[PDB]
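There are 2 protein chains.
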Amino acid sequence: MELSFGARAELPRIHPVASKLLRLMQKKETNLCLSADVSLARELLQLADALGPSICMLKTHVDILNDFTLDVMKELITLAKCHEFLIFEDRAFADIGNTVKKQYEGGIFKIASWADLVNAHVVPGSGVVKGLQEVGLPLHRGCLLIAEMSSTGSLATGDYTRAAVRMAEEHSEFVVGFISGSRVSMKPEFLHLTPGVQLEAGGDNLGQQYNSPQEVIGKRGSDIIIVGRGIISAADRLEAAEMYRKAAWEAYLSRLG
Amino acid sequence: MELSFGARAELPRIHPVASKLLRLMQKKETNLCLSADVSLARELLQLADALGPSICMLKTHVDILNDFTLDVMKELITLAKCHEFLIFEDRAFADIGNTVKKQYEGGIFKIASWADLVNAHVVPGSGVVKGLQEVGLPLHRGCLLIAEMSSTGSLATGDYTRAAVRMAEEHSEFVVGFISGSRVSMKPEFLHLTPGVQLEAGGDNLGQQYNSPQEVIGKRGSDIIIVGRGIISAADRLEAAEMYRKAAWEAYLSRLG
Ligand SMILES: O=c1cc(O)n([C@@H]2O[C@H](COP(=O)(O)O)[C@@H](O)[C@H]2O)c(=O)[nH]1
Ligand SMILES: O=c1cc(O)n([C@@H]2O[C@H](COP(=O)(O)O)[C@@H](O)[C@H]2O)c(=O)[nH]1
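Going down the list, the protein sequences come from chains A and B.
Sequential numbering of the first sequence, starting at 233, is according to this note's numbering.
Sequential numbering of the second sequence, starting at 233, is according to this note's numbering.
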């Protein structure tokens with residue numbers, strides 16, 4: 233009884249951020265999230281403008297931007313609104329609730345002011361979600377819980393993954409899905425976003441492992457592929473993004489029937 | 233066959249950063265780490281200057297400082313050198329190796345340029361340590377692995393904790409100890425630093441749980457207490473720091489015999 237992204241956008245328990253995302257995925261025929269892993273604001277913004285039509289989401293690591301300013305994020309928001317994609321800051325919050333609330337709202341980055349989505353590790357227990365929610369609920373934001381990781385020797389397996397799923401399902405007012413390698417929740421209101429994706433087999437020299445869009449979306453049942461170097465290191469990043477988009481989209485359609 | 237901090241500083245396999253720390257702990261009769269959880273640079277620096285003589289370490293969350301600049305960290309280093317304490321940035325790195333290396337070296341914060349110590353979660357597998365090491369070894373830095381957490385519902389238990397200890401013991405050129413609630417390694421070259429510490433029983437409203445210095449150092453065998461609000465929210469932060477210092481030090485001495 234698998235539903236399209238557009239039908240999932242209308243589910244009774246859908247979060248507004250998830251709904252917005254699912255609708256634009258359906259409209260634009262994309263379930264690709266660009267991992268914009270660059271150190272220069274100009275490159276970030278040039279990528280966001282050129283690839284915006286091809287992506288449902290742009291994932292940032294703001295803490296690697298050498299020339300971060302809040303005005304850069306204002307410019308990114310303009311592009312996100314123009315091309316219709318969400319902004320996801322991959323901060324992987326992983327401390328006690330009292331601390332992560334400050335890390336989310338404050339400091340130099342003011343992440344909550346510009347990020348539609350953030351993510352959190354579940355290792356601290358559910359206080360990490362409660363802390364983030366105190367800032368994110370008033371700001372109408374969503375959160376993803378890291379249920380599995382793509383890297384060699386990941387401990388996010390077995391009962392750890394099951395604990396992530398329970399924590400999500402128990403904080404559905406704020407948690408809209410997962411970072412995972414596969415479908416981990418049976419509830420269709422939750423999004424599954426999967427990093428560690430390339431067309432070719434391989435990995436990197438620091439524990440990253442790759443699987444293909446057909447494997448991740450088609451066989452493992454995830455929703456969205458997150459792709460960094462597969463696109464960013466390519467000469468023509470637009471064509472690379474289109475190849476990943478078409479791969480992930482067709483894998484999704486075939487799983488739908 | 234328990235050894236003093238000063239003797240542990242001389243162990244054959246001791247890391248240089250651990251040795252420096254252990255020597256100043258012995259010299260100053262302090263095993264207190266101040267968790268300087270403030271949002272203003274002026275308050276951070278006033279705390280570091282006044283409390284510097286009472287502490288072996290000052291722990292930062294640079295990402296909650298509203299007015300962070302690299303010049304603030306230069307001023308903090310001057311104080312750390314004057315009063316003899318290490319600087320520990322509690323960044324809790326928790327991503328793939330390729331990403332954390334950039335988060336450690338680069339961006340606005342340039343953490344590796346000023347932090348003696350950082351910490352990492354073990355959930356991504358050992359690539360998190362390998363990535364950090366590529367930056368930290370050339371810069372003569374050390375790392376702490378998060379083996380246990382103080383918060384309600386922590387998943388850093390059982391085999392997860394055992395995996396943290398193995399990962400530390402296998403990367404002893406860079407990893408100098410743990411964030412933990414107790415002694416988790418039997419090897420005396422490793423430091424144990426414990427947050428979730430207050431004199432009085434209690435917790436916070438976002439999953440923090442407190443135990444006393446006597447419990448953590450004396451009964452659970454940890455080395456250093458990490459104390460934030462117990463000191464920071466007190467009217468007289470200097471006297472508060474002295475109370476925590478004397479508590480942790482005497483608990484240590486009594487465990488020594
Ligand atoms: O399990 C995970 C969780 C992540 O955040 N990531 C992130 O997703 C991206 C993967 O990038 P790449 O496609 O270049 O390997 C990185 O930004 C990394 O930080 C991951 O690779 N695996
Ligand atoms: O398990 C852990 C790991 C932490 O980093 N911390 C950190 O240690 C400090 C505890 O501060 P406090 O004493 O105010 O509760 C915080 O900065 C928090 O981020 C913790 O409390 N428990």
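Any given hint could be a false lead.
Note that identical chains are pooled: a pair holds if it fits in a single copy or bridges any two copies.
[Unchecked claim] Capping the alpha-carbon separation at 25 Å, the derived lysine-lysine pairs in BS3-like fashion look like this:
no. : residue 1 : residue 2
1   : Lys-334   : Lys-306
2   : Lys-362   : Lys-260
3   : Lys-334   : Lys-478
4   : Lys-451   : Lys-306
5   : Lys-342   : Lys-252
6   : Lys-478   : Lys-260
7   : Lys-478   : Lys-342
8   : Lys-342   : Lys-306
9   : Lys-313   : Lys-478
10  : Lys-313   : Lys-252
11  : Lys-362   : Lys-306
12  : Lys-260   : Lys-342
13  : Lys-362   : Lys-313
14  : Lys-342   : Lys-259
15  : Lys-451   : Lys-362
16  : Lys-419   : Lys-306
17  : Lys-451   : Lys-313
18  : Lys-334   : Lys-419
Please keep in mind that the hints were generated in silico from the structure rather than gathered at the bench.
* Asked: What label fits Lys-260 with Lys-342 when the C-alpha limit is 25 Å: within, between, both, or neither?
  -> neither (30 Å within a copy, 38 Å between copies)
* Identical-chain pair category, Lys-334 with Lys-306, by Cα at 25 Å -> both (21 Å within a copy, 23 Å between copies)
* For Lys-451 vs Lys-313, is the C-alpha pair at or below 25 Å within one copy, between two copies, both, or neither? -> neither (32 Å within a copy, 56 Å between copies)
* **Intra- versus inter-subunit Cα pairing at 25 Å for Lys-342 with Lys-252** => Answer is within; shortest intra-copy Cα gap is 22 Å, inter-copy 36 Å.
* **Status of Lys-306 relative to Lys-419 across identical chains (alpha carbons, at most 25 Å)** => neither (34 Å within a copy, 50 Å between copies)
* Identical-chain pair category, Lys-334 with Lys-419, by Cα at 25 Å -> For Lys-334 and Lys-419, the Cα distance exceeds 25 Å both inside one copy (31 Å) and across copies (36 Å).
* Asked: When no copy is specified for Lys-451 and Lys-362, does a C-alpha distance of 25 Å or less occur within a copy, between copies, both, or neither?
  -> The answer is neither: 33 Å in one copy and 31 Å across copies each exceed 25 Å.
* To do: Give the relationship of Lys-478 and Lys-260 under a CA distance limit of 25 Å: within one copy only, between copies only, both, or neither.
  => within (11 Å within a copy, 63 Å between copies)
* Given identical chains, is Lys-478 near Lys-342, meaning Cα to Cα at most 25 Å, within a copy, between copies, both, or neither? -> Answer is neither; intra-copy 34 Å and inter-copy 38 Å both fail.
* Should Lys-362 paired with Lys-260 be assigned to within, between, both, or neither, using CA atoms and 25 Å as the limit? -> neither (33 Å within a copy, 39 Å between copies)
* Asked: Given a CA cutoff of 25 Å, do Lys-313 and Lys-478 count as a within-copy pair, a between-copy pair, both, or neither?
  -> within (22 Å within a copy, 57 Å between copies)
* Asked: Can you tell me if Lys-342 and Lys-259 fall within 25 Å by alpha carbon in one copy, between copies, both or neither?
  -> neither (30 Å within a copy, 41 Å between copies)
Hints 2, 3, 4, 7, 11, 12, 13, 14, 15, 16, 17 and 18 from the earlier list are contradicted by this structure; the remaining hints agree with it.
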